[PDB]
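Can you read through this structure? Questions will come right after.
Presenting chain A:
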Amino acid sequence: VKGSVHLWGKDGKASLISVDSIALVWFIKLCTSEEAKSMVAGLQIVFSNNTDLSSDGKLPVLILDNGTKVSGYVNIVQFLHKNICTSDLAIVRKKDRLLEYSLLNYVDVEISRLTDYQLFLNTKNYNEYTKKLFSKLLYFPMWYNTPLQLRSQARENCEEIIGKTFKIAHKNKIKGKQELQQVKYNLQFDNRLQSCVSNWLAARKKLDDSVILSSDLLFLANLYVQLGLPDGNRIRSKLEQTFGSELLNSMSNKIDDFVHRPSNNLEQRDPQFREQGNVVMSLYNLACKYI
Partner candidate 1 sequence: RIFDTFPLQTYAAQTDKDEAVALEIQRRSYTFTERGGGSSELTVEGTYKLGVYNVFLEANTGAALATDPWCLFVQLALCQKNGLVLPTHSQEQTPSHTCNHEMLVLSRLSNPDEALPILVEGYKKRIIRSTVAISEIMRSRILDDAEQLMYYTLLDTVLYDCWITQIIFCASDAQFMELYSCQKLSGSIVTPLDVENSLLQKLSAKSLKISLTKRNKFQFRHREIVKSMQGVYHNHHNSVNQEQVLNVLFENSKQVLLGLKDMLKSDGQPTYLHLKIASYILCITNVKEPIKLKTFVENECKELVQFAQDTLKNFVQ
Partner candidate 2 sequence: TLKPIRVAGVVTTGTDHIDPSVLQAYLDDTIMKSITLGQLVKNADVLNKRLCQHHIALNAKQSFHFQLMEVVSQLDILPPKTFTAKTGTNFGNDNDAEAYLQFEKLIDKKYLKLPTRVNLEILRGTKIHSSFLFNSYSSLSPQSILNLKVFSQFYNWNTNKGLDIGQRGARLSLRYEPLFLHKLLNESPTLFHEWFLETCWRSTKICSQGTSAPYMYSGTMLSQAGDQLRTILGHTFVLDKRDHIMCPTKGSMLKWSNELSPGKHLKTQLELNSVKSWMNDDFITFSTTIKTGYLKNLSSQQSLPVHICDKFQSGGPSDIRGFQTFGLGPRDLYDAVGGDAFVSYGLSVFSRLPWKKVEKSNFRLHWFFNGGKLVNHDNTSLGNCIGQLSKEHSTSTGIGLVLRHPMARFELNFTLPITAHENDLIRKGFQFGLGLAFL
């Protein structure tokens, strides 16, 4: 498979806003067997940070040297498994392949929904942390539209699940109303999260529990992002009290093991001008889109 993979990140580290850019760099690093290394042999990593290359706007994207584009972590790992000659990360047998695809799709569609909430709708995390990353990732004029668009998109998927001086004092009472609403919402979020992961863990037991699958790397990336935010201790406590300290500690140990891996299977590349995303290329692409 010859091509190039673009991602969110910098300095060889994927940023925490993209929960599947993190899960995709753990994927390549775990392809060490003879058949699995042929799956990703020839791929290169590029931290382009411009969605103008994506076919549908999402940066985890594969371009196969001849115009073929696939987007998202679900589609890339499904495409790659269909280029195995059949001659760490394990490969699932044919008898239980649909179940693995169902598990991976379920994580993408239901659990990755919650992590967008924790990143863009939780004020304690969006106000002081999330907005800072885009200043370092994007360019000077493109610093304000992207966080706003991502925040606006994040509530559409989560709306139906997580919902003189005297005037100054009255408006300060609105602040207290805001904390009342914020302590109302957390009970909905914690009730939905403990039900999603409880379904996922009940379904996952049907497969082998002693091997690492492509669907586990996306579930663990979500927890890594979700517990690595300043508002992460409350979730760390809530999940632990209801699932088990030993279990969540084992999962955190696995996350740490994945994070501390040598970058030898990686082969990355400095982005070229045409795929940088600067002002000139942004204007060129914007003009070409209407032509």
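As a working rule, contacts are C-beta pairs under 8 Å (C-beta built on N, C-alpha and C of every residue); 3 or more make two chains touch, one makes a residue touch a chain; residues count from 1.
If you want to know what made the cut, all candidates are chains of the complex that A comes from, given by their letters.
Enquirer: Have a look at 1 or 2 and point out the one touching chain A within this complex.
Expert: My answer, from the options 1 or 2, is 1.
Enquirer: Under the touch definition given earlier, write down the residues of chain A that touch candidate 1 in their complex.
Expert: 55-57, 67-71, 75, 78-79, 82, 95, 97-99, 101-103, 105-106, 109-110, 153, 156-157, 160, 199-200, 202-203, 206, 288-291
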